[PDB]
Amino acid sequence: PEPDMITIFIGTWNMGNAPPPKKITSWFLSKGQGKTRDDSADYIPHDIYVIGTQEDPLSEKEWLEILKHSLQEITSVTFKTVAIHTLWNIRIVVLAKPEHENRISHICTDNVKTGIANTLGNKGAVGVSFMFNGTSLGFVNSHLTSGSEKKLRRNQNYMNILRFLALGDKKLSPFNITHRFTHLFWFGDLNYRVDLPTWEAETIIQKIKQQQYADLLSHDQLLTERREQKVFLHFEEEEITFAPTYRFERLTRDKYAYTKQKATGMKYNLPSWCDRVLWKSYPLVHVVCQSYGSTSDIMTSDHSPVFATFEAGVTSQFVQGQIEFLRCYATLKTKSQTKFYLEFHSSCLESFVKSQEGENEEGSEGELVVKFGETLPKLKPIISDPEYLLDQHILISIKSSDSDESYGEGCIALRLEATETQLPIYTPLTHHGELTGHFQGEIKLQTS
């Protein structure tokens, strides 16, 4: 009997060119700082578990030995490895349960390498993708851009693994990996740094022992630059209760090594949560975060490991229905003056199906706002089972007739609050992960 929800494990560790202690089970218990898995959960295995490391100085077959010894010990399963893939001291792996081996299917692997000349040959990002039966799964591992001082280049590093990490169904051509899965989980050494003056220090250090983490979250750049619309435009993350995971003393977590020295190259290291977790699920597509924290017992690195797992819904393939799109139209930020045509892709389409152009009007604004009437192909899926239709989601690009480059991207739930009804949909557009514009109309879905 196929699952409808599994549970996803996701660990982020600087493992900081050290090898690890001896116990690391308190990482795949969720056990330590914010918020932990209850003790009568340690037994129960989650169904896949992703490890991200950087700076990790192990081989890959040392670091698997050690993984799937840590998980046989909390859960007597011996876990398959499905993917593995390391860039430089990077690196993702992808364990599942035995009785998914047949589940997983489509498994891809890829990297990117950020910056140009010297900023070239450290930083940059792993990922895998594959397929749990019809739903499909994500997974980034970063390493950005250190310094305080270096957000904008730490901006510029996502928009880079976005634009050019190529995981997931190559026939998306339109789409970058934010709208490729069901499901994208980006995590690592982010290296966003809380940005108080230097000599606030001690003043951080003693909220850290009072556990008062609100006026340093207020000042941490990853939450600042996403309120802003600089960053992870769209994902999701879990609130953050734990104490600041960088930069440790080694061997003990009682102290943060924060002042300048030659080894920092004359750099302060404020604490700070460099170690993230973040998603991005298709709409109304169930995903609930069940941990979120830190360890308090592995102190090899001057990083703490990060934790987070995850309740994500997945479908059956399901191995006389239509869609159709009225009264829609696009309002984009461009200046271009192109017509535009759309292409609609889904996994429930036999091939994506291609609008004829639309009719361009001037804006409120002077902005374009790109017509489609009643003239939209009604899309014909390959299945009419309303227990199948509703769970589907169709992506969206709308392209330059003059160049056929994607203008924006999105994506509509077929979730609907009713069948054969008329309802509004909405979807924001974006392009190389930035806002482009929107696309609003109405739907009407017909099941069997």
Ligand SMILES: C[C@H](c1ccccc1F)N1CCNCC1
Second form
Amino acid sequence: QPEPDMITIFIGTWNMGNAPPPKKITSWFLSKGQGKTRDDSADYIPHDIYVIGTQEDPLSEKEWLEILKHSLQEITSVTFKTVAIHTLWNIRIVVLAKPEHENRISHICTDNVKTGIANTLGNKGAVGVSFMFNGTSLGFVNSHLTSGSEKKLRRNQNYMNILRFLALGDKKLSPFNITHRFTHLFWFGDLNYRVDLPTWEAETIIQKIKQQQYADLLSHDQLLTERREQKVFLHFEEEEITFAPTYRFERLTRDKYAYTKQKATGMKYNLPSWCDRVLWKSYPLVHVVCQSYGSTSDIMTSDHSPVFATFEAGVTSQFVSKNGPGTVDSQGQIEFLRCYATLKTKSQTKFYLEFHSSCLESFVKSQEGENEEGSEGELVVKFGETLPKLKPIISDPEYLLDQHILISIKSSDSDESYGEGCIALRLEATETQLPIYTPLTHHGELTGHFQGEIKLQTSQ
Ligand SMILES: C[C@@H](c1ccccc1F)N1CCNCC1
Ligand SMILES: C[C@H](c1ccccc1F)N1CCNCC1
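Could I see the form solved in complex with the named molecule next, after the form solved without the named molecule?
Entire complex below, previous chain first.
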């Protein structure tokens, strides 16, 4: 039975509004309703992995697991296995997989982050799950961010706290946050970003939604505008939105948006908004294709509609050679030429690099770079031809060209990372000098760039 080179992943996010679900929720898992929907011809084809994020979830873990498993069983006639379940307050993540993936899934981690302080600590935050699927690392984050149209900067801060403090994936990747630890990272939830238009325009917005004319609404979506201004979710992707706003509905119908200020809302307006979102970040040149992104029309117990997204994702096999794992493959090497880091820092410490990759036995520390003053004020750290030669555990090009090198640039004085990035080994040529580039981030914000050339030698 061959190992797969692709899997499909279902991502669901649903703010349940503290109400039990209706008896039938299959439309969610089938990607049916509004937006980019799944073809009917696929209905009986199970996804490989289902990741369900809820917010304001009133059910016990046992109650929700039984509903989810019975739902998937009805759709597919497959009894899915529970990979992980983790709950913080009323924010929950469930990961289910085809039982045929029992010996492909390992290194399962869960964690949560509570956002806010004092007044604002006690119901918002995030849960997450990671695991390995054969040679591929997968991370999943369900976050419930701060509510309210005038709190976009709070949401952005909640995002930064979650990606700093959520402890998933390989702890040996010590300089790296969750935005670098996974081949594929999916981040979803009630992100709570709103359509920033004046309150007086509520009925105009409703009209536009009835016409399915979303362009003038999406141009004011706070998540899209904050992303475009690099304030949040830097280097994440989102499919185009082609479904109506998923909040705030009168319960038991989808015919009415309930937007007016009420004592129950803290006298706040809830203009129709795309609160409920799925974004992703995959390592460079790894296959990932969104195959659905939409909302259900027939699940009406909450003031939010469920959101679905599905993906094709590239995966690699757990490679064994005659040599690695447990030795090097002399026949392989990774060389770096004309390399320099450009950093936004005002500091003047010496810097060194660390190279981390599951194609290395352990991470590799470089010598210190040579600091120069860049012409527009920046710091340029030159490595030139000084970087170590990396010795992969396996030299087979079918393995090595699928790998990635994580890079951290660290202060010699504090051993703190000033920037993290990722280089793909999926090169156009081997034994050939080729340009490489990554942006560098720290705490998920841009701090610089790393560029140079690479020379990859495989067994072929
Ligand atoms: C242009 C930018 C963007 C697109 C639509 C909305 C917000 C944005 F920031 N992309 C972000 C993801 N990667 C490629 C570039
Ligand atoms: C429970 C879990 C599992 C079973 C089926 C499908 C996926 C999955 F992660 N185990 C992983 C490690 N090996 C034993 C099984």
